[PDB]
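Note that this complex is displayed minus one protein chain, with the remaining chains in position.
Here the chain labels run A, B and C in written order, and each chain numbers its own residues starting at 1.
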């Protein structure tokens, strides 16, 4: 299922628990960027997905602050769980750093992460 | 405190949110049409210790478009920053992903931008 | 005709463009500071036969940030639509990719939005 420990192509670690209320909770450890150790995450997922083989929609957020470090930024991942012999979560993400109004144009990075339980 | 409250977008969407000292965002998102039928759980995070150099406050949240009235089999995430002022604002970009077949994954994700203003 | 002309964004960026009957966009993009040093080639495409139902006109263009004065080793693409009116507008979202190492590819692409208005 969705619950468990996941890894992306960057080697970052995504540990998540999916509740029946549609809630996501857990921790995220980034391999790259201004991050150290684990950060809190929370999100949502569709608790009653379709049955036509479609994926299960979900999303979550990490604010890159912990007791170790503060990168003044947040990332949201938006994607879906796909079932199969090899289960994976495909996402696209938006990473926004706090900026002055003059610098807002360079506030937001975009990318794509594919997660697996390897 | 600054983030905590009710906010509205231009298209008519509203949300109410509470920002905890632990960096948690929790509340409810309501779509353009004002009814209970269009109220959904909102959950996210924020920088509880933003910089002091004039920068905005980074944040993000998620709404899965399922409630006790309906299920659209999708979710939206907003990633942006809070900008304080006499008229405070939250400037975001968002990603809406719907459940799809692997074959239709390429058309699974919409992207847009929303600016919210505080009541 | 409607697209053909000079356009300006809020941050001060301007571009001049010509729309050919073949669906080609060609012109020059100038960054916020008004000098020759900041003028770059613009190239793109557009729907020369848009729908008649009130929809906007789909378009897109690219600027590689290299000219005879400087090279930032990057490129931006704008994808949006033209909206005719007394005050015509082009509403876009854009992607700016810089050349990176495979290791830094994850931080290679910025995303944003710009609305241009016609002079």
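Note that a contact is a pair of C-beta atoms (placed from the backbone, for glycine too) under 8 Å apart; a residue touches a chain by one contact, two chains touch by 3 or more.
Check C:28, C:38 or C:109 against the missing chain and you find that the one touching it is C:109. Remark: the omitted chain is touched by one listed residue; of C:7, C:78 or C:116 this is C:78. Check C:4, C:48 or C:117 against the missing chain and you find that the one touching it is C:48. Residues touching the missing chain, restricted to subunit C, are 23-25, 41, 43-51, 53-66, 71, 73-81, 83, 91, 93-102, 105, 108-109 (touch as defined at the top).
Those residues of subunit A that touch the chain absent from the view are 92, 110-112.
With the whole complex as reference, residues 11, 95, 105-112 of subunit B touch the missing chain.
Quick note on the criterion: only the chains that are shown with their structure count from here on.
Per-chain CA centroids place subunit A at a distance of 16 Å from subunit B.
In whole angstrom, the spacing between the mean C-alpha positions of subunit A and subunit C is 31.
Listed for subunit B are residues 93, each touching two or more other chains.
Residues of subunit A in contact with two or more other chains: 94, 104, 107-108.
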